[PDB]
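Next up: a single chain in structure tokens, the form deposited in one PDB entry.
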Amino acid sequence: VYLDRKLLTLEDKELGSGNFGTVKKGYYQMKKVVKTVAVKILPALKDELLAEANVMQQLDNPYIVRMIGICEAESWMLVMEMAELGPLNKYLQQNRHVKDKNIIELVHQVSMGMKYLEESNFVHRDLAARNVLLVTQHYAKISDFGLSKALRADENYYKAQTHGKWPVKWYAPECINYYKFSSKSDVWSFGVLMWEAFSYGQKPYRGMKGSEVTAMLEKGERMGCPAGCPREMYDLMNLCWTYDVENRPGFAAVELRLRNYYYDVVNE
């Protein structure tokens, strides 16, 4: 779990920043190879990182950004796999000629990763296009496990109490109203992610306040079909946005719907 500071080199390339601190590009020397890595650099911040680290350690799947380990130096450091092409929302913004089949491919990969997380009884709680990272144009991984929670053995939801930065436009009604987060809450977020992807990285609920989204959703209103989005994918989107948790699909069924449609488009 713990890494060697002598084997780690930090570059000048800042990849991103948040409240926690920054993420920087780095290099970690292995047995024979040197591995390009992304490094999260930071009492409250340290305990969150150690929690994030323990969450990430349990997780092993091709469609998630894996943790290499942790390092304590000038600051606490979380060393993770590098996804060079960056966040999906920004990529699609800068690459408008990306094909419909390609978007389906990428969102299907996210659903496989989320299917695994669901199976593992972890809730992501920050599932958005900005947090899905591209290794290649045809290979996406889920990242940013800062708000993620391992579910208790006897519970299918996590109940929050005190809170700060919450991405409301991605949050299900049960999250906003009851502070309750399940894998079905991530499915709602997945629907918004799908909308983002087929909108080529446009922000959801443009120009709207959190409260204005809530009123919209209580009217039974949902975001419309993005231009060029296939009807089968918009229908899956809306099903993800089922108000009632009990009737909202799980990720297994979502992944299956995406898997089936992708192969149908592959045969064209």
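By rigid core we mean the largest C-alpha set that fits within 1.5 Å across both forms. Numbering follows the first chain given and starts at 1. What changes on going to the form deposited in another entry:
- Superposition of the core reveals a Cα shift of less than 2 Å for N247 between the two forms.
- Core-superposed comparison between the two forms: the C-alpha position of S17 differs by no less than 2 Å.
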Given for the second form:
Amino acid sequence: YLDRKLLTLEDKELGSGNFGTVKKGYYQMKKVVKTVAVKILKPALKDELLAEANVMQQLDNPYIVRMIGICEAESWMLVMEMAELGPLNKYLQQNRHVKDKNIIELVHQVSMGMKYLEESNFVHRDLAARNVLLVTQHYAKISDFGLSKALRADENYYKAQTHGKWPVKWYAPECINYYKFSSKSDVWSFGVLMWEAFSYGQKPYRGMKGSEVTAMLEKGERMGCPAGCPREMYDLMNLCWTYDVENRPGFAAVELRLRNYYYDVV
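Starting from the form deposited in one PDB entry shown above, please give the structure in the form deposited in another entry.
Keep in mind that what follows is only the chain, not its partners or any molecules around it.
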């Protein structure tokens, strides 16, 4: 595991995730230094960070943030690779010149990242543009597995005991209504992430309470098509927002439509 001495931290906080506060740092490997991002813990919580690390340790995919390791000194610390460009929603906010086909590339990468996660039977549970990190303008990685769960070999959903404070605007009806989280409910979140991407990092359901969003969806109402969003991408959003879980597509089908659409547009 990781040694505090070989870890240097800058003291400005880059932002906050589910169980901590992310800071830039430098970690000396054998010969070189790796620039890193370090989630630092604010009773239970230690277990939560450790659990997140336990999830990350089992994941190896090009489109998922790699964990370097864990560090236990002064605070409990989860050491990750640094995605220099930061979160997708902030980047697109500040980079309105980013081309529609650039955004397709990036959301397609998230869908590859998520297809892997679906094949691996892990549920993300907090998929949102804020937790997509940009290594480069054409390379996105999924992060923050603080809410993630390893599914049982006999089940395709995790059932939460209660509702703790949740990112309700990214949650499918069955998560809100029944606390049932599956890869299919990550697909719902992905659609909201797509809406975020093609709206250049604008928040979904602006000015509405979680309760008003739920009520809007149960009417069969959905968010509109963002300015300049290609119609095939907006169609996929609505598919992701299928109310019935069973009819909603899985990430294999979502990634396939993203892949064909992206490859079609050269």
